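Trainee: In case you want the letters, here they are:
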Amino acid sequence: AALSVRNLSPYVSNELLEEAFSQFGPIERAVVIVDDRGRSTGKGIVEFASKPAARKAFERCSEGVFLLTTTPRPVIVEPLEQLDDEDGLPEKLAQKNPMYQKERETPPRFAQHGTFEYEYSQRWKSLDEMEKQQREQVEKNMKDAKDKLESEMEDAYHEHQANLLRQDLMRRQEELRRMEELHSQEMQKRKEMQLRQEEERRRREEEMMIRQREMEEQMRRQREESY
Amino acid sequence: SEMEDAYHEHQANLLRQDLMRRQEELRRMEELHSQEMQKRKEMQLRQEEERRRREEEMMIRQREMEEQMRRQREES
Amino acid sequence: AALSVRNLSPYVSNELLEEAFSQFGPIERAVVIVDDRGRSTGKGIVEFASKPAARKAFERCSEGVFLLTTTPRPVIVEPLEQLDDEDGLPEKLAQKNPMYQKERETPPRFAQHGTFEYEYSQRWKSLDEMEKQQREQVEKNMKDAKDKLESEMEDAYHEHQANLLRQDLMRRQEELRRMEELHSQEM
Amino acid sequence: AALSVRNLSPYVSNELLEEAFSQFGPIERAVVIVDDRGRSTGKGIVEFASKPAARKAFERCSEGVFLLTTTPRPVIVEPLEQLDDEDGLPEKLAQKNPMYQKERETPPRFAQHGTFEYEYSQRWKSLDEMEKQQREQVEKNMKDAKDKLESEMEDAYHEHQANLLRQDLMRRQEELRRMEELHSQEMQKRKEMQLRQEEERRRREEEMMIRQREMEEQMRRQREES
Amino acid sequence: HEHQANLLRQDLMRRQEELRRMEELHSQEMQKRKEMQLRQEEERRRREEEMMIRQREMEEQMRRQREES
Amino acid sequence: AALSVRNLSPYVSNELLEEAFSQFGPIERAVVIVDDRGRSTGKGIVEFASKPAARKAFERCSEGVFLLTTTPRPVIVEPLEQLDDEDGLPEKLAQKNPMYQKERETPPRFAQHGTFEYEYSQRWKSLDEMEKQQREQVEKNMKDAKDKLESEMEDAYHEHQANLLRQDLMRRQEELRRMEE
Amino acid sequence: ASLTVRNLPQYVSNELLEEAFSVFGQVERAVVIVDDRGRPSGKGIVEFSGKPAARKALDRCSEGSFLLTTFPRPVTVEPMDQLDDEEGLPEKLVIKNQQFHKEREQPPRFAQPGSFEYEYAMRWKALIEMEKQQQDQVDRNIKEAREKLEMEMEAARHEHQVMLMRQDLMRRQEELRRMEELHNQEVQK
Amino acid sequence: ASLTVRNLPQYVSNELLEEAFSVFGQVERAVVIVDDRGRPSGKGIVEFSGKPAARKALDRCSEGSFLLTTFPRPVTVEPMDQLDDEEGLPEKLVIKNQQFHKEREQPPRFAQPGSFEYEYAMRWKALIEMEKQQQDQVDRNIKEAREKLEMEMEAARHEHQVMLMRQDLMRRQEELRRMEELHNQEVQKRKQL
Amino acid sequence: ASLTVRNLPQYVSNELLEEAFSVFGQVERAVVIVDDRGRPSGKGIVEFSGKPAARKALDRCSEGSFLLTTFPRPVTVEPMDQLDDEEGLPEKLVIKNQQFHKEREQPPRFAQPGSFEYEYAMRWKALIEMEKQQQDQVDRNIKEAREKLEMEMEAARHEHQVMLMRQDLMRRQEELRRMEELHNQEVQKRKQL
Amino acid sequence: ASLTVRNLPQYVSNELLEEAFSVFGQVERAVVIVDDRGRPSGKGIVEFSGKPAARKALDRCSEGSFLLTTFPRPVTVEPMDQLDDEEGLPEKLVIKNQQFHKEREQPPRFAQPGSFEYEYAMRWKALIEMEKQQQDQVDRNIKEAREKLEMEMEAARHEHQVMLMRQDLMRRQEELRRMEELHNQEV
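Residue numbers (PDB author numbering), protein chains in the order written: chain BC, 367 to 593; chain AE, 517 to 592; chain AC, 367 to 553; chain BE, 367 to 592; chain CC, 524 to 592; chain CE, 367 to 547; chain BF, 148 to 336; chain AD, 148 to 340; chain CF, 148 to 340; chain BD, 148 to 334.
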């Protein structure tokens, strides 16, 4: 139950790796491959206790995105392929080819200048050099692409923050416009009601005043007659 | 011997009658003015209660408008 | 049959107010309302056995004048208002209201600076302050008017005595004038 | 047939108002009222020679907004009220009502200390002073409001420009987003098509390679036979 | 000498005959491989032609959808 | 009834071509293409009165091999392609289709820097350069092949004559061996 | 020398102002301002022959209450402002500084709706209309106060008349008592 | 040591009053005055455990604005005026001085019309009627002002909401601009070096 | 002073060549070669008047990109190569050196299968045939490249449209920010004084 | 001292390597890497007893072309890359300075979709998918070239046999002609 882990930061230790994938299952032994000089190779193999834990990790990391560090470097996992260096391809397994016995007849040599084997070995050498060149070119392009991504941490981070803030501000502006228009309508209705009430009040007051002045005139007339 | 006393009594009686007449006129003016004032006061009270009734009715109409207005705001 | 009677002098009694008003009916109980220091507040309470008697008392002291002191300050009666300070409004009646439950959802607070509630509590405080000023002004005007009516307690009495004396002298002089002219035309 | 325009700028003059209001009709006289020093009073009178054109101008400046100067000071128009200065109310017209004659019977005077006329004139004078205070209050309130509204000459202009720009930028961003999404769909479908194409080419090339292998094998057989 | 010259000429004749046989078998080699290569080039050219016609119809369809939208 | 003749020697003439293809039928006109300087272009055209005569000439030089020169240079004949020089495509025929009108509306120009037209025209021009270099490569290859195959002219004749001498000497040896025994 | 007598009585004449203010000096011209229909506007316009007479008149009618007729409403007297519409605004008399050019960048014209000019002109028009509402409110307040003060004239008139009668009676009664007591004390001695 | 609370909200309880005022201290008994027909009278009575807590509550409710429901109407708190309506004023508790004697010069009876006492009594009664009219006028003034302030419940609420939220939006816009220019100058200096 | 135009647009008339190259100078004649059917060969010959104008058009189209219609395919212009089928090679024109007599040992005839001329003509014909196959291979390569370019035209057009409009949006956003901040510090420096 | 040999033939064995690579000096062990199923992988591993022999072997199998079978496919020899999967980089081995502290700011957990972290998750995943595509394309090109070269084997062998036989024949014929003419001129 081993799952291949790669594209991992050079600061994650063995134990950080074992803690990160612990949530998928038990960790019998989690190790990141290292080279002679001691730096982590960025690729690791982690051994899980149970087959279902490894399969769950592979799936959930396949559809989802797993992370391990502050730097958003998603972890990509693939099933391991097992290789062996102490046991090779022994003869009892090897002699079984009918033609291998008749193929070995030539001793392994370096060919000779002018013979066909040498003249064709040169063509195979040219093909191998072309393959090496193409692999080097891909590796260089990629290192360049990863360095370009590393440069753009701050810019796109700030851009994301600014976009979120601008969207929030736009939402608040829309709410402000809605409240403003509704309040203005509210005030217009209140003002209309107030002016209607004022007109009614003025008319009623004029009526009461005309009655009062008529009553005063009658009092004055009766006073004059009594005099 | 009763000359100065006779003149004094005559003048005092004349001005006492004058004062009595003026007092009667003052009483008449007082009562008439108080009647006028009372009529104006009752007119003021009647107009005031009519104003109160109109203002109360206008206020309940404003209340009804306000509650319907808030009901519309809640619905939207 | 409770009558809220006020405008009385500080020298009245539980006895004087129960000897004066005993004419209208039997005395259930009449008490003067006194503050903490015991000095009369100038009011009282009077209740009667039969409500018919108390209503007659109200109408008589309303249309007429009931005076209880040598100093002529009338006794003014009104029906007594029923207010109780123990059985406040109960929850079984308070909660029947549908909007009460959504009215208490906000806890009793103190408003907070800048908030709308604190911005409006200041307008309410201003209204309360101007109401306080108007009430104080009315009370001081009544102090002035009553202390004035104390000042002309004696001057009005003397003027009234003088007026009755002068009317009596006028009547005497008119009668003597008629008698003298009668005797003159007799001669 | 005249209109009373007001709210004028201090720097307007006769001919500016003559040429601005001439759009609606002919002009005979249009004078901007000036005080004793000649300084602009902010008001003018425009007496049209034509009544219908004057009414059209009144309406169009009423519902519409008219200006006279870079600073947005709208010019407001009301019909003029005529008051006759050097003629007034003669004696004969007044004496038509007989009751005027019992008003003049008391000669003009000053009122006298203690007389009822004095005690009343004092109340009238208190009312006049209160009215004067109210008028001064309104004048000061509107002077403050106008002086304030002059202060936002540039702030409101800046806000309007910024709003036009942000709306333009918003619709630009919307158009950009639409183009991005549509073109991304274009590219995705092109990519899937070419993937299918090269897979088919791959299978055909493999079948080709097998044919040439069987050629080589059969030919090796024949060469061994010969 | 004549014997040795005759042996050398005989060896040369045998070697010319062997060379001629090898050359003619290689001539059949080139004939067969070359004709198959032309056949397969024709097949691939035709396949690419019907490959390109499909791209042309996709392009015209996608442009029609562009104009409709 | 015309044929386009190529692979001609530098020292061919009009009359040489006329008399070479005259065995195949009557000639009307056969001329040799020459450049501005009048140098031989190695091409030519032969025109025959009757189409079947042209067909027989074409086939006879196709399956057969026909020489004009002591140098064994073959002649390759293929049907000539007719292209009118002075009468192009009239505009009236151009307007027949509905695409020319909707296609012409943009005037001739030169593209502007930064425009898509300029950017894409640059790729078109790069393709043109690639095509031209490929054509020059193929032309240089055939220059090499011609110059080479002219070099073994004497050597091939010498080895052919030596081969004939070896064969008839061998048959003489065979008949003498049969005679002596 | 001009004045501007305000709050005139309801029933006035040119010669009423010519005679009443003749007290303070010579009135060359006093002509109640009259509108088209012929009704009085409610203001006056008086011109004296000299300035010092006018200043004295302003001071007296300010500290005093120059009643005009029997209706006890004094006339408010204020100095007149000289609104000139003869010379108007000649073009060559304007300052024509850089401010004129700053204000004459663009010609008189309407405001295009939705622009900045129209949006700002809305604010100015709202300000002007609110000012007009305030002025009409002041006019309404003064009118209602004036009508109230005209209604209660009879009450105050009769109140003061009664008070004068009562004080006069008190004075007469005190005179009676004093003279009687003086006579008694002198005859006794 | 008992205070009085006034201007209670429309929907109040003994419990609302004691739970609301318990923050200043322990409330021995808070009650809400009610009339006979179950309608609230708009007044309260609260008694704390002693002088210090009550004085603190009085000061804090005077200088503060203690709301006790969602309706923004603070309660005015005033010390209670106890009125002894049991002991009254017994004869033994009167000073019974010569002022008492000259007060007791005529038995308490009606004033016969047309005498001096009747005219003076009418003067005092007219004074009392004028006082009652003044008190009703003040009550009416306060009622009209209260109805005016109750109408502006919603207009003031919405205006304050709009103003507060517009200020919040302006603050957010300034924060965005400050952060954006900050980052711009950071990256400018960092690319320059 | 004639010029020829190559890889001409598919839809074209004589008049397009007449007027399109008129910018370089006066054009006496302009023709678009057509086969017997009506499908023009994609080549065109323009008759100029002046040699300096011909040189100017040639090098201007060389370094420039003469786009002739909305289809963004520039036309490649090369000098016309003059071929003369009229004069030919009259017998007197031939130098008639010793090479010609050596070139004329035998009259033009066929080749007998088996004689050295035949096995050498076979080698020549094989060389010619491999040349023809190579030329067809180059034609096929260019055809399959130009079809791919015609396909990619639309994607390139849309990508350039997007790039231009995004750059314009960025420029105008920067302009907005510039104006806003500038107004900010100018109002600040006005208010501080 | 270890070396990795690539492109071993289709039919390879342990003693095939031990004997072929023993010419360069004594060796301890060489193996042919095999997949789990049991098929050859096309890669080798060869170890030595010291540096100089292994370095000589690398130099010769680089400048030379070591065939180890009739099939003319020379091997590629490089130095084996020693990768350790035991020690890792434990805590007492990491630098643990401020470089790690900002690295160790979040726990290892999934990125929230529609966020900045998820956005770079998508970006890095697209980059890695492009890497897989490009490496596959390179392997594809090499596979087609290898198939073409393997098919041109027999044709090239026969062409070279013809060329060598023709050169031998020219030399022998020239020798015979010279030996004829020298004898004729001698006698």
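The set of hints was computed from the structure by calculation and includes no laboratory data.
Heads up, the beta-carbon is just placed ideally off N, CA and C, and yes, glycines get one too.
Please note: incorrect hints may appear among the correct ones.
Ranges between beta-carbon positions, derived for each pair [claimed, not checked]:
{"no.": "1", "chain 1": "AD", "residue 1": "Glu238", "chain 2": "AE", "residue 2": "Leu531", "range": "30 to 40 Å"}
{"no.": "2", "chain 1": "BE", "residue 1": "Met519", "chain 2": "CC", "residue 2": "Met585", "range": "49 to 59 Å"}
{"no.": "3", "chain 1": "BE", "residue 1": "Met519", "chain 2": "CF", "residue 2": "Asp315", "range": "29 to 39 Å"}
{"no.": "4", "chain 1": "BF", "residue 1": "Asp315", "chain 2": "AC", "residue 2": "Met536", "range": "46 to 56 Å"}
{"no.": "5", "chain 1": "BF", "residue 1": "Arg176", "chain 2": "BE", "residue 2": "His524", "range": "33 to 43 Å"}
{"no.": "6", "chain 1": "CF", "residue 1": "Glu210", "chain 2": "CC", "residue 2": "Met585", "range": "29 to 39 Å"}
{"no.": "7", "chain 1": "AD", "residue 1": "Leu329", "chain 2": "CF", "residue 2": "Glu166", "range": "18 to 28 Å"}
{"no.": "8", "chain 1": "CF", "residue 1": "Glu166", "chain 2": "CE", "residue 2": "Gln448", "range": "23 to 33 Å"}
{"no.": "9", "chain 1": "AC", "residue 1": "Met536", "chain 2": "AE", "residue 2": "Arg567", "range": "29 to 39 Å"}
{"no.": "10", "chain 1": "AC", "residue 1": "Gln467", "chain 2": "BC", "residue 2": "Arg570", "range": "39 to 49 Å"}
{"no.": "11", "chain 1": "BF", "residue 1": "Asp315", "chain 2": "AD", "residue 2": "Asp228", "range": "48 to 58 Å"}
{"no.": "12", "chain 1": "CC", "residue 1": "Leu542", "chain 2": "CF", "residue 2": "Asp286", "range": "52 to 62 Å"}
{"no.": "13", "chain 1": "CF", "residue 1": "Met310", "chain 2": "CC", "residue 2": "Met585", "range": "15 to 25 Å"}
{"no.": "14", "chain 1": "CF", "residue 1": "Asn244", "chain 2": "CC", "residue 2": "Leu542", "range": "35 to 45 Å"}
In silico DSSO-like cross-links for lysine-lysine, where the CA-CA straight-line distance does not exceed 27 Å [said to hold, decoys possible]:
{"no.": "15", "chain 1": "BD", "residue 1": "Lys290", "chain 2": "BC", "residue 2": "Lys422"}
{"no.": "16", "chain 1": "BE", "residue 1": "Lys512", "chain 2": "CF", "residue 2": "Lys249"}
{"no.": "17", "chain 1": "BD", "residue 1": "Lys295", "chain 2": "BC", "residue 2": "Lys409"}
{"no.": "18", "chain 1": "AD", "residue 1": "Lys279", "chain 2": "AD", "residue 2": "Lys295"}
{"no.": "19", "chain 1": "CE", "residue 1": "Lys514", "chain 2": "CF", "residue 2": "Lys203"}
{"no.": "20", "chain 1": "CE", "residue 1": "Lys498", "chain 2": "CE", "residue 2": "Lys509"}
{"no.": "21", "chain 1": "BD", "residue 1": "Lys295", "chain 2": "BD", "residue 2": "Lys272"}
{"no.": "22", "chain 1": "BC", "residue 1": "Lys512", "chain 2": "AD", "residue 2": "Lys190"}
{"no.": "23", "chain 1": "BC", "residue 1": "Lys409", "chain 2": "BC", "residue 2": "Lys468"}
{"no.": "24", "chain 1": "AC", "residue 1": "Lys509", "chain 2": "AD", "residue 2": "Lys272"}
{"no.": "25", "chain 1": "BE", "residue 1": "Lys512", "chain 2": "BF", "residue 2": "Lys203"}
{"no.": "26", "chain 1": "BC", "residue 1": "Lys468", "chain 2": "BC", "residue 2": "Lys498"}
{"no.": "27", "chain 1": "AC", "residue 1": "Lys491", "chain 2": "AC", "residue 2": "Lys409"}
{"no.": "28", "chain 1": "BC", "residue 1": "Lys557", "chain 2": "BE", "residue 2": "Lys468"}
{"no.": "29", "chain 1": "AD", "residue 1": "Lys338", "chain 2": "AD", "residue 2": "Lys190"}
{"no.": "30", "chain 1": "BE", "residue 1": "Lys491", "chain 2": "BE", "residue 2": "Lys512"}
{"no.": "31", "chain 1": "BE", "residue 1": "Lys491", "chain 2": "BF", "residue 2": "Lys198"}
{"no.": "32", "chain 1": "AD", "residue 1": "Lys295", "chain 2": "AC", "residue 2": "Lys509"}
{"no.": "33", "chain 1": "BF", "residue 1": "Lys295", "chain 2": "AD", "residue 2": "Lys249"}
{"no.": "34", "chain 1": "AD", "residue 1": "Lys279", "chain 2": "AD", "residue 2": "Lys190"}
{"no.": "35", "chain 1": "BD", "residue 1": "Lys290", "chain 2": "CF", "residue 2": "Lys295"}
{"no.": "36", "chain 1": "AD", "residue 1": "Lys295", "chain 2": "BF", "residue 2": "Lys290"}
{"no.": "37", "chain 1": "BE", "residue 1": "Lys468", "chain 2": "BE", "residue 2": "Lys458"}
{"no.": "38", "chain 1": "AC", "residue 1": "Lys509", "chain 2": "AC", "residue 2": "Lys498"}
{"no.": "39", "chain 1": "AC", "residue 1": "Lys458", "chain 2": "AD", "residue 2": "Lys249"}
{"no.": "40", "chain 1": "CE", "residue 1": "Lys409", "chain 2": "CE", "residue 2": "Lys498"}
Trainee: All the hints need checking, so say for each whether the structure fits it.
Mentor: The hints, checked one at a time:
1. AD/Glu238 <-> AE/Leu531: 30 to 40 Å: violated (56 Å)
2. BE/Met519 <-> CC/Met585: 49 to 59 Å: Hint holds: Cβ distance 55 Å, inside 49 to 59 Å.
3. BE/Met519 <-> CF/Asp315: 29 to 39 Å: holds (32 Å)
4. BF/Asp315 <-> AC/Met536: 46 to 56 Å: violated (21 Å)
5. BF/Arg176 <-> BE/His524: 33 to 43 Å: violated (56 Å)
6. CF/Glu210 <-> CC/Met585: 29 to 39 Å: holds (36 Å)
7. AD/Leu329 <-> CF/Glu166: 18 to 28 Å: violated (59 Å)
8. CF/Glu166 <-> CE/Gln448: 23 to 33 Å: Hint holds: Cβ distance 28 Å, inside 23 to 33 Å.
9. AC/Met536 <-> AE/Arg567: 29 to 39 Å: violated (49 Å)
10. AC/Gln467 <-> BC/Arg570: 39 to 49 Å: holds (42 Å)
11. BF/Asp315 <-> AD/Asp228: 48 to 58 Å: Holds, at about 51 Å.
12. CC/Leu542 <-> CF/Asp286: 52 to 62 Å: Cβ of CC/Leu542 to Cβ of CF/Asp286: about 39 Å, so the range 52 to 62 Å is violated.
13. CF/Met310 <-> CC/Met585: 15 to 25 Å: Holds, at about 21 Å.
14. CF/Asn244 <-> CC/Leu542: 35 to 45 Å: Holds, at about 43 Å.
15. BD/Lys290 <-> BC/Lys422: Outside the cut-off at roughly 35 Å; violated.
16. BE/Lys512 <-> CF/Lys249: Given that 27 Å is the threshold and the Cα spacing comes to 116 Å, the pair is violated.
17. BD/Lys295 <-> BC/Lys409: Distance ~35 Å between BD/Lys295 and BC/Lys409 Cα, so the pair is violated.
18. AD/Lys279 <-> AD/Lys295: Holds, because 24 Å separates the two Cα atoms, which is no more than 27 Å.
19. CE/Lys514 <-> CF/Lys203: Answer violated: CE/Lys514 to CF/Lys203 is near 41 Å, above 27 Å.
20. CE/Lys498 <-> CE/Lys509: Distance of about 16 Å is within 27 Å: holds.
21. BD/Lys295 <-> BD/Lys272: violated (35 Å)
22. BC/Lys512 <-> AD/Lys190: Answer violated: BC/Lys512 to AD/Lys190 is near 77 Å, above 27 Å.
23. BC/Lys409 <-> BC/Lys468: Roughly 43 Å separates the two Cα atoms, so the pair is violated.
24. AC/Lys509 <-> AD/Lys272: Status holds; Cα separation ~15 Å.
25. BE/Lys512 <-> BF/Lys203: violated (38 Å)
26. BC/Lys468 <-> BC/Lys498: violated (33 Å)
27. AC/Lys491 <-> AC/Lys409: violated (31 Å)
28. BC/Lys557 <-> BE/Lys468: Answer violated: BC/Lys557 to BE/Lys468 is near 48 Å, above 27 Å.
29. AD/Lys338 <-> AD/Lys190: Cα-Cα ~73 Å, so violated.
30. BE/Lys491 <-> BE/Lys512: violated (32 Å)
31. BE/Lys491 <-> BF/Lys198: Holds, because 25 Å separates the two Cα atoms, which is no more than 27 Å.
32. AD/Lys295 <-> AC/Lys509: violated (32 Å)
33. BF/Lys295 <-> AD/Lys249: Given that 27 Å is the threshold and the Cα spacing comes to 49 Å, the pair is violated.
34. AD/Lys279 <-> AD/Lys190: holds (21 Å)
35. BD/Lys290 <-> CF/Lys295: holds (26 Å)
36. AD/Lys295 <-> BF/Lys290: Measuring from Cα to Cα gives roughly 25 Å; hence the hint holds.
37. BE/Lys468 <-> BE/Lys458: Distance of about 15 Å is within 27 Å: holds.
38. AC/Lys509 <-> AC/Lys498: holds (17 Å)
39. AC/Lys458 <-> AD/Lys249: Violated, at about 57 Å.
40. CE/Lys409 <-> CE/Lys498: At roughly 22 Å apart (the allowed maximum being 27 Å), CE/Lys498 and CE/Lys409 satisfy the hint.
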